[PDB]
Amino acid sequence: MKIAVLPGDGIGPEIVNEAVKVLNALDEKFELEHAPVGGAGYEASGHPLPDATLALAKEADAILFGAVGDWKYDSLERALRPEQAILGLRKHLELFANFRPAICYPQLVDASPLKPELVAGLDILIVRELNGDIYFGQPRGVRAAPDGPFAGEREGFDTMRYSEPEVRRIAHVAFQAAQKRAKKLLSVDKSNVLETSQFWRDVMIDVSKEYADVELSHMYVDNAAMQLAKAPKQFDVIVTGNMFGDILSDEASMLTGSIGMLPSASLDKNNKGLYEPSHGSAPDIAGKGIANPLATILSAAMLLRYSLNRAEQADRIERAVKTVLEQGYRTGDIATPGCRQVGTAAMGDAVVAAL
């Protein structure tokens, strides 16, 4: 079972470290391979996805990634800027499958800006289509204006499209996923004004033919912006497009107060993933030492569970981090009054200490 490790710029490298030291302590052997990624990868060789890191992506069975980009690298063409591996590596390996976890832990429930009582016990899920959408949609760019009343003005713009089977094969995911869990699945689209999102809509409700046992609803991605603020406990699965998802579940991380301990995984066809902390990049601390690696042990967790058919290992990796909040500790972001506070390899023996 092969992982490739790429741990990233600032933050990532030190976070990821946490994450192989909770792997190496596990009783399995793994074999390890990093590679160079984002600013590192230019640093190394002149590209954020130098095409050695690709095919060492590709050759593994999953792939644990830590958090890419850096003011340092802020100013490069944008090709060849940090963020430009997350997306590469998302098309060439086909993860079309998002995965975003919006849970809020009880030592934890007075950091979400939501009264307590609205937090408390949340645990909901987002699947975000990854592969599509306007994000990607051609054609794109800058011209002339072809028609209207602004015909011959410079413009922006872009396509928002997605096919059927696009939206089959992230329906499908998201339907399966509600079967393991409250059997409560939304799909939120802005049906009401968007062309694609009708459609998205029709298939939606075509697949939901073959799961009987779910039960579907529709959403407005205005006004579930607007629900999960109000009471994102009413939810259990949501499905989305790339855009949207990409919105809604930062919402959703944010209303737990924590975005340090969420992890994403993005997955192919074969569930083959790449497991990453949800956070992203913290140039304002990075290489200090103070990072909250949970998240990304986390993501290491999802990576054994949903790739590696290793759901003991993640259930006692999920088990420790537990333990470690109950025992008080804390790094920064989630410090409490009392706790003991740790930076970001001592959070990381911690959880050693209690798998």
Second form
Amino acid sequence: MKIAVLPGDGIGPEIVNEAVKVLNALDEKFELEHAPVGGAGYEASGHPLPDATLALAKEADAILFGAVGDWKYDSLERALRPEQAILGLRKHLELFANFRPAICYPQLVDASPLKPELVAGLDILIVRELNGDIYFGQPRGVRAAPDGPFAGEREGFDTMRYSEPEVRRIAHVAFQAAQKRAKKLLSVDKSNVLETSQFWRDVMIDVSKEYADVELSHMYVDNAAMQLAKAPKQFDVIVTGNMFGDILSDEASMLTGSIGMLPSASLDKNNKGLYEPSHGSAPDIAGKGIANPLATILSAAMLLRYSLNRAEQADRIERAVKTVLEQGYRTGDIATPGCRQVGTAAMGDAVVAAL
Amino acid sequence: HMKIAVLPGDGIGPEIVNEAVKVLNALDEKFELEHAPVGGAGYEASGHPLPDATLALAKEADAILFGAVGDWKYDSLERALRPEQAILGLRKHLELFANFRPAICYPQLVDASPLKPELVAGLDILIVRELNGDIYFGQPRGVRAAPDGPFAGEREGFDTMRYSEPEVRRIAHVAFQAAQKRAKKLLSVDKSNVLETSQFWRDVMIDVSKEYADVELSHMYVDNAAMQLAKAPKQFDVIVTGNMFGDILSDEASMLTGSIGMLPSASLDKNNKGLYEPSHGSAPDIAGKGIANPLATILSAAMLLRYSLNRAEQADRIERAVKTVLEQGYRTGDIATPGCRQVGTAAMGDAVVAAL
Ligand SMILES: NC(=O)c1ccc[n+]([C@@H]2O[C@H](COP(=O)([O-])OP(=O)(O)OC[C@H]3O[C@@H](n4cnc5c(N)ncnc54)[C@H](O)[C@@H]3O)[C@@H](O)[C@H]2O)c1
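Given the form solved without nicotinamide-adenine-dinucleotide (NAD) above, what does the protein look like in the form solved in complex with nicotinamide-adenine-dinucleotide (NAD)?
Let's see the whole complex now, leading with the same chain.
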């Protein structure tokens, strides 16, 4: 069991330090190896995904990833920008299936901006397609506009595209997840405007024929943004494209009390995965020792459960997180009245103590 | 001159526009109001939902006050003649590229929001959504055999996101000027850490910002913005973004206010001439029953004064009057609260007039 540990930029190192602390406190023997990624990759060898970092990730049984991004690197040419590291790991390792389990712990209901009755007992799974869409679609870039009223003018552009196999493989994953949960799947697209989305919807409906025990329904992304605020407990499994999943996921994280709570798994067809908190590198609080490590710690639990066949250890970590919340520990982003507010490292220590 | 084309439309349209006109006529001002048929009323008058004479009036006027078009009785017309085609026609022919979507939440109506009330009571933010371009209209688009890539040959759907320099520049100007008429904070939202269209958007936004140093420009990625709207919508003043992202964020913000039916809307051109309309559109189930809520249309008329006719003080006066009638307990059926004074459309309009 080799884990590639790729902390990245910003709050990445301080939150991954806590996840590694928790893994090291299990009785289990892991082989952990660190490598630079993102701005850290650029600093080391001028590329956000150094060849040796990609090699390590390919070789490992799983990847524990922090976050990438820092404003001082935004001006670099596109291929060198930090976020190209996570896009590249997803694409090169064919990690096409992203899982974001939004669960509101009882203690954190009061931390959510929504009225408490809307999020108490909330448990939604977002399945997001991760290797296609307008995130990768060609052609893209800047050009003279080839046609239309503004022909000749400078113009930025990206191509949104989805092919049949790409939609089918993520559809199957989502339907399989719904079979094991509440037998409901909601597919989100923008099919009343976008040709790509109508194509998505058509393929999703075709795959639904094979899952007579799951009820498939559909929702436009603009309505889904409304409904995640209004009545998110209507959802059990949501499946959507790369771009729409990105947008809805951050909104959904508020349903758990904070973006600092939402873990994620990115799997290939063999359940080799990269596990990362759903959030970014949070440069506004980077190095300040206050970021919430719990999304990253819960991502390490998912790592054990889904790639390393260690479901019992994953349960141990999850029980430890639930215990520290019962005990009153909170980082600043999930503070609740009367809580014990702690920084990143003390929160990690508390999780370790509760194992 | 201050000439306003009044295009009431169908069903609740005339009912609610009559109250906005009542409010305008109660001001000290000298407006030239001129009515013209649109939507189903356009079809009944001369066979098109946007008659030539109606478009000519809209072009000539300094602003347009528009109600709502559509009804069950028009839904059987051929597609090109349906009332809702007028909306598209006016936006295209008047080059209205800037969609103003206020998100406002009145304290009296705060329980309609899914948010805890301290986060949203008194919310007053503005989303400016580019309306004419983006991936919603970009060519090419359709379904094809994939031309290249890892899945070449497979059936594939596709769309093209694109924004040219003049398209971003003109929406940037409109948004920065709106921020000048407010708290001088503008947030631009994009996905420039992944999308080339978005980095291009950001670059042009920053170039225009050089002419508006009085306005504080900040940037946010669309996923963070969707979260921030739920977490703390009061942090914003004006938000500007592309068509698709704006569509999503504005609908989110409207749900977060709790009363999407109170919300005014506008579509503006490069001179800030606008068409001003309630956000809600038709309501066949209550059309002509005298109970539709006119407040969104009245608030649209206030927007009209503020952004097209250089009458910010009168706009403030109308917005003050709407706050007052809510404090006084007046409600139309859609926003009825326990112990309220429930009124129909006309009596609500009377109450706004009384509070001027
Ligand atoms: N997969 C990734 O690595 C990933 C994802 C998104 C953004 N990013 C990059 O992250 C950088 C910041 O982007 P952003 O500001 O839009 O998004 P972000 O998610 O880093 O931060 C959004 C907000 O949430 C707060 N936040 C995030 N994680 C937190 C935590 N664990 N504890 C407490 N507060 C937390 C931040 O302070 C900020 O206010 C950019 O460079 C962006 O490209 C990377």
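Positions refer to the first chain, counted from 1. Under this definition, the rigid core comprises the largest set of C-alpha atoms superposing within 1.5 Å between the forms.
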Core-superposed comparison between the two forms - Cα displaced by 2 angstroms or more, from 92, 140, 184, 168: 140
